[PDB]
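Given as structure tokens, the chain that follows is alone and in the form solved without the partner chain.
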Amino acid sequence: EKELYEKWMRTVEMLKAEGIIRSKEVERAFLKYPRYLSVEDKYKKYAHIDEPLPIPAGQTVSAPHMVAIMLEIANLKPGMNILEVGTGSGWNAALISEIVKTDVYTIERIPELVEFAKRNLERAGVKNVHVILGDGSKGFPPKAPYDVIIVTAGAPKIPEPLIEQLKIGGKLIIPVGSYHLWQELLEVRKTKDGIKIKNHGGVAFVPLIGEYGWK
């Protein structure tokens, strides 16, 4: 326990020292919710290593540095209305909730993972994260519009529904690529002057499967 946390603290210090974690907000979220709380027992021993890890149903939880990079790009603030597409283990959602101090909506298409995430969240005492079973490539109309939409699965293109559901001045962070498993991390800003896109380099995420994702 405290041992796992000590290794985690070292990982957070490393991410901070190397300029990956750049804000006190993201630093605080990482320190409150260590990744070991979101993986199966057999992988907890590796939760501090900056590498992706497997989770149930053939999916994965991203490497700590990638989760940090995406949260920093999001420039999250308390009170924001955030939608995460691809709950997985629930780790990222927990982190987001610690930063925005309010209800966070996250969508997962695999029933087994919806259960897995809910259990992890409950065990960690999280209450503001709301896990919904469904096809997140269609976003989540009930609580739109969103300040930021963070997609943790790779798409073949930018899903229109996610753009429609963004507040003006908001942004969509999503991996887009012509390969199911190898993508480019895009920061899609919905500005008063139109869509502005910043490419943040190559990444490797599981595919976003759905009506507006991969078949």
The other form holds:
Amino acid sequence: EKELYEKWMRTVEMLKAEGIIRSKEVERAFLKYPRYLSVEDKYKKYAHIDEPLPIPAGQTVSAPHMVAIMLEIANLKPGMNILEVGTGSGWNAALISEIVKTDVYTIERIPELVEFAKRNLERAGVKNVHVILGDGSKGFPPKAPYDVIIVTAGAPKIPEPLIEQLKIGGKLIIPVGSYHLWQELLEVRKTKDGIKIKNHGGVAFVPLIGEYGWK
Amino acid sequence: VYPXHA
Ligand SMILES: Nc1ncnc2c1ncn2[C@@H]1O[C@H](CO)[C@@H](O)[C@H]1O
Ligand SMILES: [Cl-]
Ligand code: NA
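Please supply the coordinates for the form deposited with the partner chain bound, as a counterpart to the form solved without the partner chain shown previously.
To see the whole picture, the full complex is given below, headed by that same chain.
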């Protein structure tokens, strides 16, 4: 464990050195919730490596740099109402909760992963995270609107339900592209008259599967 | 390398 954490601190230092982690909030979250806490034992020895790792049901937990990039873009503030689409391991949701300091909602379509995430969260002592079973491409009406919606799987287009569930001034961070595994990281800000889209560049994510994702 | 990365 001490070994795993020391390797993790090196990872964090690297991200700060590369200018990936640039804010105090994100550094604090990363140091509080290392990725090894969210992966199966057989993968904990690779948790510090800056690339994605496998998780049950054929999915993956994103690479540290990607999670950092997306969190920095989110510019999370205490009290914000956040929705994550694609819970996976529960790692990103834990990081989010550490920054917003309130209830966090995250949705996952695979039952096995919903339980996987809940277990990781409980074991790590996270309390404010609610893991939901469902199709996140439809968002999560019960707690909308949101300050930020972070999608961790790639879509063929921007899901309309996600734009509708954003507070005016809120933002949707999502990988969108014409390929199942190759997308453009888009930051969509909701305005009083429509939206503003900022393209952050190429990324590679597992496909978002659902009504407003890949079918 | 598995898919999420940049
Ligand atoms: N429509 C969806 N709703 C919720 N989670 C999803 C959806 N499509 C893909 N995922 C999940 O995204 C997670 C990203 O790590 C995976 O665990 C994957 O199952
Ligand atoms: Cl549920
Ligand atoms: Na993933």
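We call the rigid core whatever largest set of C-alpha positions still superposes within 1.5 Å between the two forms. Positions refer to the first chain, counted from 1.
In the core-superposed comparison between these two forms, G19 has its Cα shifted by less than 2 Å. Relative displacement of the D193 Cα between these two forms on rigid core alignment is 4.6 Å. Taking the core as the fixed frame between these two forms, we note the C-alpha of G136 moving 0.3 angstrom.
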